Every structure is written in structure tokens, then in C-alpha cells.
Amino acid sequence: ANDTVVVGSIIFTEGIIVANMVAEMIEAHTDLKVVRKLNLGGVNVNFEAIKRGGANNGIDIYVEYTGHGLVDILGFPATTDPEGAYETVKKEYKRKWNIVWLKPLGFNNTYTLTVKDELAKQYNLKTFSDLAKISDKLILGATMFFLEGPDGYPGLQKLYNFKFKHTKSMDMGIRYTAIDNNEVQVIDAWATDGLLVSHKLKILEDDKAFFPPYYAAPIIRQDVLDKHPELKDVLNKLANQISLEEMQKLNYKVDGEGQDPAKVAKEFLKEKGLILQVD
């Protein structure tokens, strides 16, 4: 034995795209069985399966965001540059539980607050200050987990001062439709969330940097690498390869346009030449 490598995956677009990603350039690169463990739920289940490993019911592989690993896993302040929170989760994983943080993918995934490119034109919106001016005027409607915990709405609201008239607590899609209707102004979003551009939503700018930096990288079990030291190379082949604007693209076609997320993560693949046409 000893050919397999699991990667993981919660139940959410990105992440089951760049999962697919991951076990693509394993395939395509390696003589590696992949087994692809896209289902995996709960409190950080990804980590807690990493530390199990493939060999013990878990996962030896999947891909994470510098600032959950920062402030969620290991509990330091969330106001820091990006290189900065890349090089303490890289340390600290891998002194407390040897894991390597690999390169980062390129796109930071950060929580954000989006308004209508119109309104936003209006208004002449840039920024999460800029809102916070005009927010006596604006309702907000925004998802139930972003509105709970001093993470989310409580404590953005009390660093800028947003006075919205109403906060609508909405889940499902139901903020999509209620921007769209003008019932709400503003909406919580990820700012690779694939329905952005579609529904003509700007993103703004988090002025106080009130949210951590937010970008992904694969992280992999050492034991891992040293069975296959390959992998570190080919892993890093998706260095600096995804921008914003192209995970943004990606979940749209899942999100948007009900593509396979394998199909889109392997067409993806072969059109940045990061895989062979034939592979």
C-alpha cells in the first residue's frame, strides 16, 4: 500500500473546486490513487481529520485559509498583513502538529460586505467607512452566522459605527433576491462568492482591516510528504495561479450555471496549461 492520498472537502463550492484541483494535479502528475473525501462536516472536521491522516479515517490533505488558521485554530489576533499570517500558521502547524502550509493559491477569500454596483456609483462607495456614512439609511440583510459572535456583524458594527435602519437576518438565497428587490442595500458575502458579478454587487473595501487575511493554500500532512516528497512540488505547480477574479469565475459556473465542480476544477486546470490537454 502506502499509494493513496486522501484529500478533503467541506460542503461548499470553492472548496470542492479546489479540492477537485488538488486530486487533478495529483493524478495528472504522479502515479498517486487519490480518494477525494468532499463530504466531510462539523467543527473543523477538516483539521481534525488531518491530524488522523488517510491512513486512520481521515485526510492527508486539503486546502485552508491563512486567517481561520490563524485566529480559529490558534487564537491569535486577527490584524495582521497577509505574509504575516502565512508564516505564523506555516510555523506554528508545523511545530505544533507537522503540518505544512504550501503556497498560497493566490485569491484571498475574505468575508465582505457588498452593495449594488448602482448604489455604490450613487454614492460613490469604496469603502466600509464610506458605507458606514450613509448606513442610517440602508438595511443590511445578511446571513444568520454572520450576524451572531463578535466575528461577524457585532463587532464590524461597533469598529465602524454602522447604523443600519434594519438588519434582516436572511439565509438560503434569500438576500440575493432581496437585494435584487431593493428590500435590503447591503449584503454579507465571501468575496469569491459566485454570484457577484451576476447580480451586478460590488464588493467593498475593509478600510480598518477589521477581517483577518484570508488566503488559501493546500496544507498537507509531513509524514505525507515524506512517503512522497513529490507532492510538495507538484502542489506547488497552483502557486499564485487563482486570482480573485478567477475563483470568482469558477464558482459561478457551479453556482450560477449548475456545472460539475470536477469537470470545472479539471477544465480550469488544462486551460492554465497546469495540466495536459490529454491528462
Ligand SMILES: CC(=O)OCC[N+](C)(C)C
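Throughout, rigid core stands for the largest set of C-alpha atoms superposing within 1.5 Å between the two forms. Numbering follows the first chain given and starts at 1. First, how it differs from the form solved in complex with the named molecule.
A 2 Å or larger CA shift between these two forms, after fitting on the rigid core, occurs at just one of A217, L40, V224, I50, namely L40. Once you line up the core between these two forms, the Cα of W97 stays within less than 2 Å of where it was. Superposed on the core, the two forms barely differ at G84: its CA moves less than 2 Å between these two forms. After superposing the rigid core, the Cα of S135 is displaced by 2 Å or more between these two forms.
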Second form
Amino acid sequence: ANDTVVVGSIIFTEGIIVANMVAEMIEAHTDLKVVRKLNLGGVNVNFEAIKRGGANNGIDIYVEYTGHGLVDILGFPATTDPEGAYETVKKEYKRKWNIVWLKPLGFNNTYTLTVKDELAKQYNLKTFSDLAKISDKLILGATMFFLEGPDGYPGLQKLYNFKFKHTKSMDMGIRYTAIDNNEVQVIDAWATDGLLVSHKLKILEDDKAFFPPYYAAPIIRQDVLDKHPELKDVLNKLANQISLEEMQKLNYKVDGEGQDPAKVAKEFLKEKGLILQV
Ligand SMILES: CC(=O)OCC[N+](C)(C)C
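Could the form solved in complex with the named molecule be given as well, to go with the form deposited without the named molecule?
Now the complete complex, all chains and molecules, led by this one.
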């Protein structure tokens, strides 16, 4: 039959690694072949693509974050525990879109606000509220995802009354260079970022609990499951197989050591026995 499915990803390190793992798992454990589609734009492009589906110049599968689905359903930022966010997006995406959330991969790749350790020491910063009190002295460098998202800086700024001198929209790797050079003093470090535990930075505490959980999980069209039911158990073989620490190390293999994400993804799966060597 030569059936194929389309796995989509935004172009960023973690997204392409986990999309590749999904692709490798499908090709290793089923007869299906996988088109890897890369999307440019924000955290909405994959959602609109999966509504279209692989037969309609969209995608069939991608790895989504629970908190993004939660804020999209609610229309307002909220906080809840991981199960609250996961069960809510799973039930709602099935009802409204016939999209199936599979099990979480294991890590929570949340937004953070992060400063240099020395700045945190110079002002005894521990929390977002501590930072807000001195924010009028500081420049924020952040990803376009953070600056444009409803769950990002817009709602965060209003809750804490952040007063940064200005914000600079920056590519993901650039923002680490920028804080290192003191071009900015705060960045939206993401919890799994490969360069994070490598730059002498302090992650501050979200003391008012603005952000939702951001647990990554594969999601798939129901009609693709209807045609290839084996995909559910195959993709759920990834369930809880990637801790925060594991994801950070894979991200660093790409961003810090220059390895290509296809090789990084496949070697991880082989090392953990999730695929066998052919
Ligand atoms: C681009 C993207 O989807 O990144 C997911 C991580 N997060 C929640 C910090 C934005």
C-alpha cells in the first residue's frame, strides 16, 4: 500500500529532535514511511496544519505542549497542575477537532525569566516579583514566541506589572549571546534549552504562578489512527522516556556540540532500547 504520514515541526532544536524521534519510531515499528515537514511561524502553525492533515498539505502528527493547548482553549492565561492541563486539552481536542493527545514524553519545557547569576546576587533576586521591582533598569531579550503569545509576555507583564526599559525580539541562540554580552539583562530561557545550564544563569521563580505547565506530547489525527491503529502503542512507547535532563542534553548535543538533530534523535532511541539497530 506504501502508506505515509506527515510529521510536522517548527524550526527549533527541541522541536526537530522530538519530531525526528516520532518519525524514527514510526519507521522502526510500522510499515509506514514518514514525511518530515518543517513549518515556519509561531506556535499556531502546526495546530492549523494538523486540522488540514497530510492529504491536504497539512500534517498528521506533531508534538504539542499542554499549556499552549490549555491557554488556546480558555482564551486567557491560567495555572493548573500538569494533569489538569493534560486531561483538559486531551478531552477538548478529541471533542472539538478529533485530535488525539498521546502520552507525555516526560518533560515540561516551560517559559522562564532568567538572569545572570551575578545580577541575581547583586539584587538578591529569587522570584518574578523581585525582578519586577527593578525591571525599569533592565532590558528583556526574548523569542518572538514569548513576545507574541497570549501565554507569554503580554499576560505576564500585566500580572506582575513588569516595566522593562524595552524588549528585543531575538532568535533562540542569539538571546543567550546577548545576555552573555550584557546587551540584555533578562531572557525567556526555556527550561530544556541546551545552552541554559552552560551560561551561568539563574532561573527565577514564577511566584504568582502565571505560566501553565508545558508538557510535550505527540498528538495525532483520529482518522490517521483509524487507518493505522498500531500508531497509538508505537508512539506511546515514548511515554515518560525523556526527562528534563535528558532533553537538555539532547538539545546541547545539537546547539553546543554541533551534531545534526537526526543523528541525535536516532542515537538516543537506540541507546534506550526504544529502537533496534538494523
Ligand atoms: C517554539 C515552541 O513551541 O517551544 C515550546 C516551548 N515553549 C513553551 C517555551 C514555547
